[PDB]
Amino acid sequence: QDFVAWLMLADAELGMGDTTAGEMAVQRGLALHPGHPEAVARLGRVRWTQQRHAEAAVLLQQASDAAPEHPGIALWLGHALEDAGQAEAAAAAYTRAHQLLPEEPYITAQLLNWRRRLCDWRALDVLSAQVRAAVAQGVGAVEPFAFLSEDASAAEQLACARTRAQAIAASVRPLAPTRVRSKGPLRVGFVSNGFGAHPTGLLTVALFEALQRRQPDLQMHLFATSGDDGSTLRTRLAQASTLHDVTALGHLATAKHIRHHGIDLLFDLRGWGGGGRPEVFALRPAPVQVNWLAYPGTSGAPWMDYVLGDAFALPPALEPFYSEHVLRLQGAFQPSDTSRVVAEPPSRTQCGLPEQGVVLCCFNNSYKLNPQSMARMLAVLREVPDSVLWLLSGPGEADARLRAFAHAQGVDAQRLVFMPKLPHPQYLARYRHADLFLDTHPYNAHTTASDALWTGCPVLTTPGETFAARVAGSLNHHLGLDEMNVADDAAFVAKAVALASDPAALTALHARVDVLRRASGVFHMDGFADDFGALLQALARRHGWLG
């Protein structure tokens, strides 16, 4: 008979992740107080939990109409709206949660992250300060990955990661410890949700193919937390490795499965570092666990032993800000899919571009396009009459917001051209119309910069003071294109303006990229497989391995 006892239990069971118990419990609440916004909100949260997002959004909107002053309801509504594809409506929901409970950092940091994704820069500096103060206060309430978008030092990034990671570790009893095998093929595991048409699969696919034919004494095992999406990438990854389907298993079941296969070296390619539900790692299923590639910064985590970088992106100066022990490959830390044919795209006119203007390109995630990166790009357009800025179309009204900013910055908004979303092969052919790629700060282009360079387009960047701000720089360095890493925004603008107004010099720079992309080691994955493989053998030899 206890209505509130029912729901609270509802939430309890859902917290566990327990399915039908939580719902059963909700069903009993609504029978006692029909329409009640708490029960109703809760039934929406069940649905969202059952991943029925549209039904989830319907229920929560109802609840939210019946209790519009309630901050938790407003938050949960934002969660469902987001997962239902309703981006702008998601934003209004978070905005209202935040207004109602500004005291709550978790909500503040959700709002901020979603605002950046929409290019909505209202209260940007204020929300950003609050999030940075929450890190300093040691709560663990901001997500490490979302934190990479802020311009904060390597030291703050470490504080954010380790406070989050230690929150997890405190509530996980690891598995009993094991050790690297002494004899037999080395088993090297990689855990990811991006084994498919996602950056992780895309970057590593040709590497795994090279390791297969070149490193006999090593077995690559992929543990895929997502199902087969039908992409060529997922299929090439499964033929090049032993690919285990661990999708929809709990964290304990997954850890037990990795331990059952005797994984010696386990790589976190999940993309979340110490955040995003890394309890498979906190359980320590593998004797040696390594952070590489998918998250560009430190895990801060007591369960992570090594991080894999390179001399440019992770120089000696930056080492103390990593909780992991630092290992370095001999060239760039980042592989790429050097099997890819670049098609001829349709004409410039067919892609929405002037045929006769300089096209500056910044294909990047929307949350990377902040006021600083945009202002410096628009400063190039003001100095160079016939140039245009080519961007990826963003979620919500992000493009409309960028047009307004361009207008407010003295630039005709029709000079921004937005590419819609295309399958990878079609997206990649577009680079053939790009004259210069303009990198962002402080979170660089990662896959989009190696896509640009593979197609022969030069990348301009200002290497900064965190790993995530040095990724594009590292590519240039290892390619041999050091003059395209410049000091600061003012040199960024002068180099771009000089290049954009000297088409003969820019032509000569495209010629240089062409030669360097063949003569450097950046796009030889056989060489990358030899280095990576040798480094794997030494890490293991070092913990007991004997071949």
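Residue numbers count along the first chain shown, from 1. Definition used throughout: the rigid core is the maximal C-alpha set that superposes within 1.5 Å between two forms. First, how it differs from the form deposited in another entry.
- Looking at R179, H325, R432, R277 after a core superposition between these two forms, you find that only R277 has a C-alpha shift of 2 Å or more.
- Once the rigid core is overlaid between these two forms, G17 counts among the residues whose Cα shifts by 2 Å or more.
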The other form holds:
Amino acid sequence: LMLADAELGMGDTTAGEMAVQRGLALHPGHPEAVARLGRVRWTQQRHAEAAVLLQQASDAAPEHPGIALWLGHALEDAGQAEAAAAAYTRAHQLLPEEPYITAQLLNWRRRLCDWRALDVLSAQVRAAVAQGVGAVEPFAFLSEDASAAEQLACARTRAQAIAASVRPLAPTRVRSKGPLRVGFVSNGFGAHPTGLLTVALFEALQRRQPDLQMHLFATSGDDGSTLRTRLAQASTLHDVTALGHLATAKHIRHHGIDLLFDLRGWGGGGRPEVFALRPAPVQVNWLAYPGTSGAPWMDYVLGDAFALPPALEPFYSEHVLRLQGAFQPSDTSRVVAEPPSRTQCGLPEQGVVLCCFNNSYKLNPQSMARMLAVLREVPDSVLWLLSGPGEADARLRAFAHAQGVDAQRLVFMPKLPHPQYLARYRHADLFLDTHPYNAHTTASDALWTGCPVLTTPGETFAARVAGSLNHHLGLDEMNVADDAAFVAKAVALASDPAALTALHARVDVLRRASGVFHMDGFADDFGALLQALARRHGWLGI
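Same protein, different condition: the form deposited in one PDB entry was shown, now please give the form deposited in another entry.
Chain only, nothing else included.
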């Protein structure tokens, strides 16, 4: 059992199982034992079986904390959202002081739009980051009202834990001579944000920057998307799913990558330990983790003048590089299809449709309140949202009612295949952004379909992304100072269709004319920046 933990700790789940099972062989029905078995299952990804057992073991010892949290982990990944929440609750009841349970609880509550004791929970996670302690996940922490400084703190602490338990590969340099090898590590190469944002760029680079060798290190297998196949077509895609961290790192070294981009990085399925092994001489943070890595192994972050302005530099560990337009490319080959009718989409046939298709953890009391206030001031408006996990949708219905709006004014879109979800935007009149974690991919999606995005650019990179897209498009009037200006601008537009029509017209002009959706230009800018970076590190060219 002690043995079994070490065996499980090591990775040998089968030997782990064998040990545990002999443990149970002694006292059948025992909490401490029954739980480890369920943890084997969880590790083995037999997630429904993990939860049966941890429920047996939880029920026999309603008081171990310990076991409660582990049952949460298992119920989370088994898609039993509300029950996983109820388990983290208990684990928090038993140990209110442990800023490792609180962090997992808070995050799971944001994702279910459960806001009980939110501020008290957030404070305790922020306290934990200020001493950290250290538990706290930098991705989850993005959802909090913390400053750039606090996110950095959270990220270092997490980075230090990794850098301590890893020995870097032998240092190497950028080749002085020959075509530059450029590498990108992601689990999202396919029908995922990363694949979706980068695909038209890679095809543009393949055509326009022949002196750069693109390499994609995919930490996920083929999902059968046209994205994965296009990405494969436009580069050398290496499937490294199932290689451990070190073998992944060695495989990047084997290919002699000069510049290596981390697309995810604190992400969730991200392999930051691969970066921690420094397989490439220059390592860049870009695009799909909207914050600092906080990490000694990351040389650079790639941003832009708006989303990462001079006043944000003190709060990055990386050195800051900027593109000449927005940091964010997108799939400009996408023909947005026509949606079903409004009725077929749950929408009324008349009425202004305000929408926000953001992830549930981005929808907080502040972002919701201000969307709801727009609805109160605009008679026949409707609010169109992504349907969310567990009972998320019902909690927002109750909150709308509490905020003095008819709950039936909220329409919840089920998750759709990307081409179908994209088409939904043609029914939307205005996209209402979230704070402090902006719409990112979803804002690019919205604008590409022709739907304007209203945002309140904040003080962190993650609260400035929507506003960068507006800024680089020329839509400055859609970046407003605060909640009051937000509700006012939206109300102004929603209650005057002629101005609204003019705005859609304006977005169409600016869509075609600005550099924002010009992936050829993006490729030339990106490539030139890569080349100039490489010469700064001794590349002589060719």
